[PDB]
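Before any questions on how it binds or moves, here is one chain, the form deposited in one PDB entry, in C-alpha cells.
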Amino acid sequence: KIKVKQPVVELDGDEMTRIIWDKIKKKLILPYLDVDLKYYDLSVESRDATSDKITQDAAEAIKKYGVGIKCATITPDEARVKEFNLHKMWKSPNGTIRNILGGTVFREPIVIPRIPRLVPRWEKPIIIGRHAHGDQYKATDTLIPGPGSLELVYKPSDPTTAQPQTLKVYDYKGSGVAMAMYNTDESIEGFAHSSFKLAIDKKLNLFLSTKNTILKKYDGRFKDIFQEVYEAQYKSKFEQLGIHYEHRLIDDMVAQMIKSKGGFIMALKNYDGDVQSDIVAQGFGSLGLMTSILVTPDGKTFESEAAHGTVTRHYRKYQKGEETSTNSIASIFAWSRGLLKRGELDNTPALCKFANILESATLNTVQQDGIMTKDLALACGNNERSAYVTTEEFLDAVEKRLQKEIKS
C-alpha cells in the first residue's frame, strides 16, 4: 500500500454520482492507498440538515490541508425543494467553495482517441482557465416594481484616502430588473498568475477574453492587470519558450476557437469560463469527458471536482433496482488529478505514478478493450444494446485493468 503523506479532503455528493463515487473509492483507491480521508458529506440531505454549513466546513478543510476531491452535487431548485422538504433553495455548493478558496478553475477535456470529435479540427486540447471568484456568481439582483431611480453607491471606509461615488444607473418608467456585481484586483491578479504559470508549465499560448470595448472599466481592469502581471514576472519566460500572450474580445476568441485546431489556453471570466467550458467539452466529444480543478495563486491549494452533473433519471432506475449505464470517468479523473496534486506537494512519486496508470487503465478500458457506458457507445454511433455495459460492469473492468497495469 502506498502511503499518502498528508490527509486528503473528500467531498461526497448526490444520487448516482454518489453511488459511483463510493465504488471508485472502495475499489480503485482504498485497496491501493493508505490515505487519511477527511470526509465532508455535501449531499442535499446533509447540506439541508447543517443549513449548508457542511459546505463551508468542507471548503475551510481544503484550505487547511491543501487538496480537496469533490463529487457532483445537486443545486436544489423549486421542484426539488418542494419534494425533499428543504428549508430553502440553497446556493450552489461549487459557488460557495469557489468563493472561499478563490483562484482559477482549469478545465480541459479527457481525450479518448476512439470518440468522435464534434469539431473535427480540434486535435490538440483546449484548456479553459475559468476565474473562480465573483461577477454573476456573487451578484446582487432584484425586481424593480415600478418607476423610480437606480443608483450605484460606494462609500469608502476612509473618506480621506478615497472618494464617495453615487453613479446614476437607470431611471425606470415601468417595472423591470436590476443587478450589480463586483470583483477585486487581488482575485483578478491571482487569476492572471495561474493563467501565466500554466501556459509556461504546459508550453501553450494564452488568450484572455473580455468585452473591454463595452465594459471599459470592469473589463479593462481584467485586461490591464493581466498585462501588468505579464510584464511583472512573465515576459522573459514567454519569449524564451516561444509562446505568446494576447488579449482578445470574446467575439474574436470564441470564433477563432471554433475555427482552430486547438492547442492553447483560454483564460476566461467566471461566467464565460462556465458557458464555454461545456462548448469545448461537447466539441471534443462529450460533457462526461472533462476534468475540472480549482487552483489558488500561491500554488498550494487545490480542489479537483467531477464536472458532469448527476442525472436523476439514472438514480430512480437504480432505486427501483433497474440497471444503469452511467459513466464514471469524470468521477475517476476527479480522484486521480487530486491525488496527483497531493503527490507533487508531498513529493511522493509512488502516488503520482499510481494516479497516472489509474487514468491510463480507465482510458484503455474504453479505447483498447471497447468497454464503455451507454453515452460513449451512442457517441460512437453504436446503437446496439450489446455495445455498452452497465454502471457496475464498467467499474469492475477498470478495476481489473488497474490490477493488470500495476503488475506489468
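Residue numbers count along the first chain shown, from 1. The term rigid core refers to the maximal set of C-alpha atoms that superpose within 1.5 Å between the two forms. What changes on going to the form deposited in another entry:
- Shown are candidates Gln368, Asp52, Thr184, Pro116; the hinge separating the rigid parts that shift between these two forms corresponds to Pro116.
- Hinge motion between these two forms is captured by two rigid parts, the smaller swinging by 15° against the larger on C-alpha superposition.
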Given for the second form:
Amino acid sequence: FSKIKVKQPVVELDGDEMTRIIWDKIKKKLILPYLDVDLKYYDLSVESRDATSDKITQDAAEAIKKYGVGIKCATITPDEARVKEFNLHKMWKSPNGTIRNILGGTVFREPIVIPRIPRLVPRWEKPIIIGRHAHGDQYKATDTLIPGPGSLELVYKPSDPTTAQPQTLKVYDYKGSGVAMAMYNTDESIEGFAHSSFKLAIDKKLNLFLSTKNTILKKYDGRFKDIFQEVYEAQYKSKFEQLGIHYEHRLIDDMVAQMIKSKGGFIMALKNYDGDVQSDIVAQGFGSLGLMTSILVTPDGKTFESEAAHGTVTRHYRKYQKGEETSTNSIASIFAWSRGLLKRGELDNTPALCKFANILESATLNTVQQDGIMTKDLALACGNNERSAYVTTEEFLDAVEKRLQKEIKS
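Alongside the form deposited in one PDB entry that was just displayed, please also present the structure of the form deposited in another entry.
Just the single chain follows, nothing else.
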C-alpha cells in the first residue's frame, strides 16, 4: 500500500530475548509495510554490547541526541548469573541508565488503559504517570557501619573560600554501634527534572504534582519545591493556564493517599527513591506490565527515547527457546513505536505520520477492547485463565496486523 515518508531518520535500539522476538514481528507486520523510514539501527543485545565493549550503547545515545527520537526494545541488565550465561567480559552497566544520563532528561512511565481490562484499583480509569528524578539521592549515596561510640559530621569544604564558606555539621553522637549514610543532589539536575516535567505535562494536557517530605527535610526537599516553583512561574504558568491545567507541590503523604483514592488522570513527579517504589505500586495497580509504557524527555524538549516499561520477559523467552507455547503481550512494545513515531511526526511537522501512529494504537487496543483477542496477562485480569480466553504471542500480533490493514484503508 501507500507508504508515509518519514522525513527525519529514526533511531532504533534492538534488545534481546523475548522482546527482541516480538520487536522483529512488530516491525515487519506493523511498521515497515506503511512507512518509508530510515532506521539508524543499533543492536543493544547483550551479545552485541559485550562485543563492542558496550560502545554501541553510547553510540546509540549519541545517535538519539543527533536525530531526536529513539525507539528502544527491552535489554538485559547483566548481573552475576548473566556474566556466566553469555560469557561476558564483565557486568556491564544497564544500557537504560547509560543512555538516560547521556541524554539528560527524565523518564515518565504511563500505563495504557483498556476499559475491558479491570485494574486492581478498579476506580482508576485514567493513567497516572510517574516521573522519576534518577540523579543521585540514595542511588549514589555513601553508607557505612559505625563500630562504636563517636561523633558523625558532614563536612563541606568549598573549592573557592572567597565566595562560599565551609560547613561542618554535627550529625549524631553514637552511644553504641550502628549505621550512617550521606547523599547529595544538585540544582542543575533538579532544574532539568522540573523543565522535563512541565513540558510533558503540557504535551499530555495533564495536571502535574510534585511530591516531597519538605516538612522534615526542610532544606533538601525544600530545594526541589523551590526550584520547581521558580521554573514554573518564570516559564510555564501562562502555558499551563491556557490549557486549563495546574501545577502544585503536595506532601508525599497526602499525594500518595489522594492517588489511590482518585480515578487517575494526572502526573506525579517524584524523587529518585519515591519514583522507584511508587512506579512499581502504580504499575501493579493498573495491572499487567504489558500495558506499561515509558518516554524519556529532555529539558529542552527536543530529544526523546521511547520504550516499553517492562523487561525482556526472560521467563517467556525460556519457553520460546524450547518451542513451548507463550502468551507475551506486545502492546507496550507497539506503543514504544507509536509514541516514538508520534514524537517524530511532531518534530518534523508531518501530520501524516502522527495520524498513522494514532491508528496503530487504535488498531492495537480495539483488538482487545472490541474483538476480545488478548494474551494471558490480560485475560487474568478478567478472571479467565481457560486456554480459550487468551491467545498466543504470535496469534495476538496476527490479530492486530489484520486489524491495522483494515483501519488503514481510511
